[PDB]
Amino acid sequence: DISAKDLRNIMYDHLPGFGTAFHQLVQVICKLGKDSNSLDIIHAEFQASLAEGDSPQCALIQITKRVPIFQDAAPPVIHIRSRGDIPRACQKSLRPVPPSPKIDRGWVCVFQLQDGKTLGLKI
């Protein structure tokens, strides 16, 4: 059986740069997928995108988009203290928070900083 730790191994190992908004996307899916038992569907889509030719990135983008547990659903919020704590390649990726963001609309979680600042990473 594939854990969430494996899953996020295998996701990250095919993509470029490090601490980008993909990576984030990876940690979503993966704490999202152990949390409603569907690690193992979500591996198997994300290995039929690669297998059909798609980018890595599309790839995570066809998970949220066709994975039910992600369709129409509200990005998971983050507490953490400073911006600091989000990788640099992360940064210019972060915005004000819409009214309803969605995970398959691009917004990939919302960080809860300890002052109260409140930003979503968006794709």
Second form
There are 4 protein chains.
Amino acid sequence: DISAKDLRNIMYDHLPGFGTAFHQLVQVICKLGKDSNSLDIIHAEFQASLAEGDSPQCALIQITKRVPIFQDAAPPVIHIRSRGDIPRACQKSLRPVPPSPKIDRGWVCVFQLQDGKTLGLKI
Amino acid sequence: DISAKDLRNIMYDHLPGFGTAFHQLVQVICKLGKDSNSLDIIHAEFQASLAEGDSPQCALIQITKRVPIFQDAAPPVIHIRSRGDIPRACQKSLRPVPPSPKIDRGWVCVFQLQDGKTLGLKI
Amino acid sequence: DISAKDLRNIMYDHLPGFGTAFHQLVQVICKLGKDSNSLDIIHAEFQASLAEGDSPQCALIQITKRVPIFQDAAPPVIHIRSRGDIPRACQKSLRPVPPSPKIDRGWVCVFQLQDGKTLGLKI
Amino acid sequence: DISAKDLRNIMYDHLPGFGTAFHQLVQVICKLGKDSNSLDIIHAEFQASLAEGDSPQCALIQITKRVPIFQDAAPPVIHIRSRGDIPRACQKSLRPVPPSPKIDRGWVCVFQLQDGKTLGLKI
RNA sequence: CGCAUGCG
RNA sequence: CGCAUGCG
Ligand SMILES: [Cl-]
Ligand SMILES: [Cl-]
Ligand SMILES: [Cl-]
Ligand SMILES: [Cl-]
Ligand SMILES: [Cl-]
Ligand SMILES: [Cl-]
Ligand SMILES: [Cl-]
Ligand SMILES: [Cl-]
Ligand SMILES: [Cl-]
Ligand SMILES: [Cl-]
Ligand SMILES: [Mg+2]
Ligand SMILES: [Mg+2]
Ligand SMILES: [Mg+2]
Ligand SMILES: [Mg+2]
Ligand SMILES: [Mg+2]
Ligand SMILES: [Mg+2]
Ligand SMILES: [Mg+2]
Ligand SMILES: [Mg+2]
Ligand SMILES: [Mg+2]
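Since the one above is the form solved without the RNA, can you give the form solved in complex with the RNA too?
The next block holds the full complex; its first chain is the one shown before.
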């Protein structure tokens, strides 16, 4: 009904700036939504939040807390060659990964280096 | 089960400085938590946020964002005689109140003078 | 072609938050535009900036610098009964009025008290 | 007419601290001003902004926003051997560069390592 | 308290 | 450097 690329681009078009943690969260939300076939509920929920006057950022946090697939979900791993591969406005939002990070607690993704070292992206 | 005073003391124990906007947030949190019997789940949430690398200040903010009693809650009105009754480190964080302030958006409390004039505390 | 009220409301609908210095600047821009019959050039210039991807705030500053009526213009006086009459997100942007304040240098308006004391709103 | 070195010294004389992002901005300003013969109008704009109550830091920002040579100007690339060659008080203000940085948007300079890796300075 | 964006 | 908004 909507593709993960169309949704991503729709959400990107509502976000201030570029390569922010919320941008990374768009990618995470759309990849988990595609793999669990929930892109349409994510889409509808997004556009309802906007219609009620929430910020797109609020709308994305609301998604992580309301849509079943993100509830209790662990952040997905993203492979990187170096910290230079991390989006350009996330660098100050990185921390060691805790034992049980959750998307509904602001853990967007786990960046993983070639040596297996990990960095948690945190909202 | 922890009492309101014990939770306040643990939280004050983690905070930097004296009479800050976050010391004021501790009192608001402990009072609402006591009235909804949420003191324990607030304590669990404080210590869970610290464990994943939140500052104490941020961890108090996480309480307002995740503990159900703080969802959409209006800040308490605190009656004062003069501006000097507000802790000095809170002064920089005062501003006129919005139409419908909410604790989970940063509005800690509303100071109110005898002639009904107000000063909002916003982190 | 467009009324000062319709334009104001259009510009207000693009501005983040409420009662900010840029909100006051909308009122100033639309009152000087009405009195000099330049509301339509102000309107067209505003919507061209947005179409090119400028922020509404950028668009308003661009207006003060490009539209003849604001060039070398002094801030208009606004009468107030007290500092409480100043929009609720301008309080930290007030200063003594200089001898020659200009709109194209970020002097939005001059607030004047009943005793004749003045406060400059500065961007 | 003031020389580049004299203008730098006047500006350093107004600034707090040592090796800050604003000391770096002074050097960029003085170098571009010297190359476009804008040193005098930069000096006039610095002293005009101070006179109307701008901090020295803000007054340097006003130069980039009002003096024509800084309009849409790209930050200079400064070649370095290591990160330690960047003044220590500038480190907090480093970030990855955007596609098309502009001085009048806050991009003071771009530090460049021997292998071509970059660090932007953003106030 | 901090990050992001916008603006000076 | 600061203000504004958003978010934690
Ligand atoms: Cl980009
Ligand atoms: Cl990957
Ligand atoms: Cl880090
Ligand atoms: Cl403080
Ligand atoms: Cl106190
Ligand atoms: Cl309002
Ligand atoms: Cl009036
Ligand atoms: Cl003041
Ligand atoms: Cl500094
Ligand atoms: Cl240095
Ligand atoms: Mg964007
Ligand atoms: Mg202490
Ligand atoms: Mg507000
Ligand atoms: Mg109200
Ligand atoms: Mg608004
Ligand atoms: Mg100094
Ligand atoms: Mg940028
Ligand atoms: Mg580039
Ligand atoms: Mg913003």
